[PDB]
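Colleague: The lines below spell out each chain.
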Amino acid sequence: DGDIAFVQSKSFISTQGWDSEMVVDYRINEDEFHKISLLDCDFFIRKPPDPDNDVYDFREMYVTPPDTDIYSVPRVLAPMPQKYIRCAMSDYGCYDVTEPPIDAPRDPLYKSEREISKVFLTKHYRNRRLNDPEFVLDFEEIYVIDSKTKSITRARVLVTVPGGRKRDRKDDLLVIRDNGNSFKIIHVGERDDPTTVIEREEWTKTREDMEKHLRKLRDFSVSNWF
Amino acid sequence: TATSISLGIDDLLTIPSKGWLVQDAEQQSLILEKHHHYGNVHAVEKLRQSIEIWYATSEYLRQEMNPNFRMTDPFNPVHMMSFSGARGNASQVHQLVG
Amino acid sequence: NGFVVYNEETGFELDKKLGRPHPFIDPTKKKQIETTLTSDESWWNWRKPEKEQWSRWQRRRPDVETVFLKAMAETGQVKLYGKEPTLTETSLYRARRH
Amino acid sequence: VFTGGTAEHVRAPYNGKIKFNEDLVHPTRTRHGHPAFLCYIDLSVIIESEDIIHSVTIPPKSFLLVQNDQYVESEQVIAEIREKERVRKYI
Amino acid sequence: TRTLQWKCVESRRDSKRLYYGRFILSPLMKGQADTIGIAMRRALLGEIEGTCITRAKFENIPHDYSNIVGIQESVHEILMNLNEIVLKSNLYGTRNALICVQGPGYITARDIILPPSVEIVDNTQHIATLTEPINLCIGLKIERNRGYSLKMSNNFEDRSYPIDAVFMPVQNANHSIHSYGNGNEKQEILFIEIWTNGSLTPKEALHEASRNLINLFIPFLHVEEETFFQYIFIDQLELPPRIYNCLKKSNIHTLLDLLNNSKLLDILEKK
Amino acid sequence: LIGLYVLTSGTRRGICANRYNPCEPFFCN
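Chains as they are written, first to last, in PDB author numbering: chain A, 109 to 334; chain B, 51 to 148; chain C, 184 to 190, 199 to 289; chain D, 345 to 427, 435 to 442; chain E, 10 to 237, 269 to 302, 319 to 327; chain F, 536 to 558, 578 to 583.
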């Protein structure tokens, strides 16, 4: 419930069912669109008027190279909604902390910049506002904007919380993993410690590396692990 | 001073497979020498094999020295002295553990 | 919808998952090595010498790892593949000795 | 020193027997006197180990020092990759 | 000519939680200045009692989540802010502090209800920021231990979140030695440099470190009240074969091995 | 150079830090 007011504009041109790798001759008004800036592309989603910029209209979307005017059509890979929804926008990427060469005096020793590879749009449950005391994120409906493919899809989310669709959303905990591809919902009481998450990934990597290093020994087949 | 890096007799870690490789090289050298006596190979062929089979073994031990130190004993005192570049190089360490 | 989904082993593949002592190669998946050249389908220089040769490397080098690994084997803290710790196990011991 | 160039030794990464078609390679005698095969194509050799097969590609103009169905220990030289002072040898 | 005297040469207070002090001790004989500086540094770093919050109970809050409504800071960050609170006290054992506050505003160290013997060094330290008009009661656990001491009991688990508090009131300490010669008069000058977090002045930390050191070596002066033939072997001495085998099984070869373990004695005593 | 190398030689990682597959203090400053 809680459907947002389905208003209609005058510049609305629906891009659904269009070719992906083709440009549109006209130019859009950026004020009417959400501007999502990623590493390889800039993504535009229609922005219906709202007191807070949370309402998204996926009926018309455009993708352009970063800071460019030649709009295109994103490679839609999922049934995007036909109604206004409130999505929490959180980026997903890495920090490219680099040490640039120093030629001019007082040049920075380091250059820290954040590169965005994916952007997640998590729908608010029942389109409730952030200021609502009953606000909670509906992790079932998450949309991923990939910069590398310049495409937008829907997250394949596995729900492991007991309770089904009638569960209490306040105990949900979305666990994004595998380069923003595996989405899993778990109970908040089952949250892994950040130290455990790092050690678990390091243990798996080093174990495989150690085995490959020991594999070249000729008594490997008659040896145990410990 | 606080960490007090110090090398001992057993700190000079040798490649685990040195015994196998040296034993394999001896078997090839012994078999070839036996047939050189039989006359199936000539002196130059024996001379080349003796030099090359022991040089290839020595280079392989040097090649495998660092990955063995990294994968098994990263904080080996002899390894850290050369790997960090503080003192010595791989060739000098190879004279000690290879 | 269609994007939302609502919802262990034993012995090997569980010790391997948890890191508990287990063979490196699964015994149930260890293929028997096929028959090879019988010193008559093979050239010289690859035949067995028909008489074991003295090598001076025939004995495995005594190590701190071997003694501790054997001591840990009888304590039950570790489980080796056989009675004697292999060079792979001693090399693995150095990595996880601490 | 004796190969007159850069020589790389392809060593067996796993124990087991080597399977390859000996007709695809040409017989030769190495500089050490050992018989071997000369490989002029992109020959692929199979090492059937205890666990799985471990196909290895042998580049051309490289000596193959092993035989078909021969058992090879790990870290044992299989092939030599081959990609002028005159000395008198008194005997 | 001179007597062993000490003086404060530098004293700075460029914070409410950062005090600096440099002290000179002179004249000292050769080798003494290093001994005094080493022991004093150990006393300053760990042997000085420090007071800080160890546990935090979030009363009336059954959320048990990482964040609560009306507070910008997360629960974990609130504990981090509590861990930075600098306290001075003379308490023995453990006490309880309470933080019950109003709705919107800033929670500072001034808002902590304190047990009688403790004080807030800097009341401007930020705890949490309040946005919604909701009351918040926090149950603190004030404890006073040494830096080197360790504690294992952590109130089990009763929704009280432990705070890994470091008990150092002396942030840093360092000593320097200046040696002066007059041909044959080798006197040493010891410089003590103390940084404190405001819970005690560097002059006070100098005295407490000296007293704590003295209290360590007082027990050594305590007194208590008063109340009123390898070269001879078991083979040589004639022994029964039954006894001989038993001793040999126990590696009793000489007579000394026999007396070290406790009609055998009748035959033995004559020889 | 040895002393600096030891300082920056950080934590043991992976199988060199934990005996079993998992399947730390916080400092404010």
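Careful: at least some of the hints might be erroneous.
[Claimed, not checked] Now the stretches of chain D that chain B is said to cover, found in silico as 3 or more residues with beta-carbon under 8 Å:
no. : region
1   : 356 to 366
2   : 380 to 394
[To be verified] Pairs of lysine-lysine, DSBU-like flavour, derived with a Cα cap of 35 Å:
no. : chain 1 : residue 1 : chain 2 : residue 2
3   : A       : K292      : C       : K261
4   : C       : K239      : C       : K208
5   : A       : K191      : A       : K256
6   : B       : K68       : D       : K363
[Said to hold, decoys possible] Beta-carbon label-pair distances, calculated as ranges:
no. : chain 1 : residue 1 : chain 2 : residue 2 : range
7   : C       : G267      : E       : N76       : 30 to 38 Å
8   : A       : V244      : E       : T133      : 42 to 50 Å
9   : C       : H289      : A       : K278      : 42 to 50 Å
10  : A       : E242      : C       : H289      : 27 to 35 Å
11  : E       : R168      : F       : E578      : 50 to 58 Å
Honestly, the hints are just simulated from the structure, not real lab data. Every residue gets a Cβ at the ideal spot worked out from N, C-alpha and C, and that includes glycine.
Colleague: Check each numbered hint against the structure and report the violated ones by number, ascending.
Modeller: Going through the list in order, the structure violates hints 1, 2, 3, 4, 7, 8, 10 and 11 and respects the others.
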